[PDB]
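Only one chain is shown below, in structure tokens, and it's the form solved without this ligand.
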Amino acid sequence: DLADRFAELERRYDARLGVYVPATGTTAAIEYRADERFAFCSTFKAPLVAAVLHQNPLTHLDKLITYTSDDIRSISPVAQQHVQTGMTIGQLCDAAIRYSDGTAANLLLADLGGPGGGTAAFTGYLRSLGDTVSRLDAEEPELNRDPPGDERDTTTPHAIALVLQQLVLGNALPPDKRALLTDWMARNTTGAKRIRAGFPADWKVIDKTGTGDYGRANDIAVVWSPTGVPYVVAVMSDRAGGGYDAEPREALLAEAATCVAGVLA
């Protein structure tokens, strides 16, 4: 049944909708286009932060990184203010998660080192989580621009939801590191109109958004019921039929999230 509203929302918003909520003890998995590939856009910045956390001792967070304005290639509300001073890895994490800072993303990518300016290491990290589907191939901002059907820089709701589950609810990171990822996601400033808007306020929501061309709008979230039961909620969308300049529709993700909440209540 619930698939009918998801298709109803797809037709209402002229969009392709991807939802995955992992099965829990109490609840069955929610799937809609869950194994179709959607572009990460900025949603990769969350598993990216955990990658840097994973390979690196907590002291690594204090290492200062310096860069030029040639490095600033994308929406970078934080990086553009520290070009003279540079930023520590830790601030790059904060910026990359809480403000979706694209330049911080690219620097953290560089921090993983290796081919494709870090994308291969990053995908390599996803593999260590059991995700054999997702792949990152480009940096910011090209990774937002791959044409529909192109498999590069794509994930699936299924794949990214389970990744996120391991990182926030599972043991992918030791607790001390896990608390920084969670807290940055909890203080995210970019998600207010997506998953967060579709859930009642007494549900706690941590999320990482993604936006791109072809009407790409994503939000991956961990939510807590009023009684504290956690769920992972992966919502992804694009509007390929509208062309590279198709406008993303945030309300689509909010409406979809409200559908999810109704099933979980």
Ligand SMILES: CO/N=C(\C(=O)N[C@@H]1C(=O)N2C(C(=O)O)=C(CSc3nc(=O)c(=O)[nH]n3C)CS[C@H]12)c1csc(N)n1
Second form
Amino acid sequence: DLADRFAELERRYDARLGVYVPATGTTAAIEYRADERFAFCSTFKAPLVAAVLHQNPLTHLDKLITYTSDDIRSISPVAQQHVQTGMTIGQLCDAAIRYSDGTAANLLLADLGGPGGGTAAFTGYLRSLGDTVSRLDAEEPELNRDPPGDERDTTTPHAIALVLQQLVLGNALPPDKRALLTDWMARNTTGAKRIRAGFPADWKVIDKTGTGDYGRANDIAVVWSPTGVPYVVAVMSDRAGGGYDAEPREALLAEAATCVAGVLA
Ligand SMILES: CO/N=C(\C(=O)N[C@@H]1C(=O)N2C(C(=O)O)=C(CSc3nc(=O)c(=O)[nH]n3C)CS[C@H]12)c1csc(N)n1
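I have the form solved without this ligand already, so could you send the form deposited with this ligand bound?
Below: every chain and molecule of the assembly, starting with the one above.
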């Protein structure tokens, strides 16, 4: 009744919903529209922090990068207050995952690929994870604004769930660098009402969200059962037929996570 239960979700919230859960030795693949393209939005900041972590020693995380107030072109609740102090890369990483800071991600993009090669550098990182589907093409804020059906700035639930499976659970990042990434997303302040609300409290959830135009609302997550058996949930949604200013529904992401928790009992 999987596809039956998610289709109702789509009818009730008037939304396109994408769901992927990788197969495990015990559980099978939960896949609803898993190979359709959904806009990254702020979800890209999580594998982007991984990219900066992978390309640099830990001594790089304490490098002072200096920006201006003119450089805050988007929702940057952490970078807003450090207009003069600059920010250590480890803090921009912190701002990128936990507070979805846009100016952080734009400075993190430049540290990775330079002034004009940041998007392509980030896309090539995902290539190195075997993700040949996703693409970042724009920087903040325009990556949240691409029209529907456009392939630019898009991933799929399948590809981002497989990517995230290598970062937290796989051997893509070294033990210590992975630890800092697993901690950052477990400290995130944005995903309370998405996948967190649908998994029981004695389950452990780590997540990075994305929200954007055309009603776009995403939550990428790794979940941990009370027995410690781990899963990676990718939930992606938009309400294109609503228009650019359509209202994202967080409770949509919540219910989809409730359904996947029900089959993971
Ligand atoms: C051009 O950029 N447009 C954006 C945008 O910057 N999106 C980013 C993104 O993915 N972000 C995320 C997040 O990570 O989910 C968030 C966090 S979600 C959230 N938390 C709150 O406490 C709250 O009161 N409201 N919201 C929405 C906000 S926008 C930023 C946008 C936001 S809503 C919309 N229609 N567009």
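Residues that one form lacks are left out of the comparison. Numbering follows the first chain given and starts at 1. Take the two forms, superpose them, and find the largest set of C-alpha atoms that agree within 1.5 Å; that set is the rigid core.
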property: Which one of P77, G116, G86, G124, by Cα shift of 2 Å or more between the two forms, core superposed; result: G116
property: Core-fitted comparison between the two forms - CA shift at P226, Å; result: 1.0
property: Cα shift between the two forms at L58, which is computed once both forms share a superposed rigid core (Å); result: 0.4
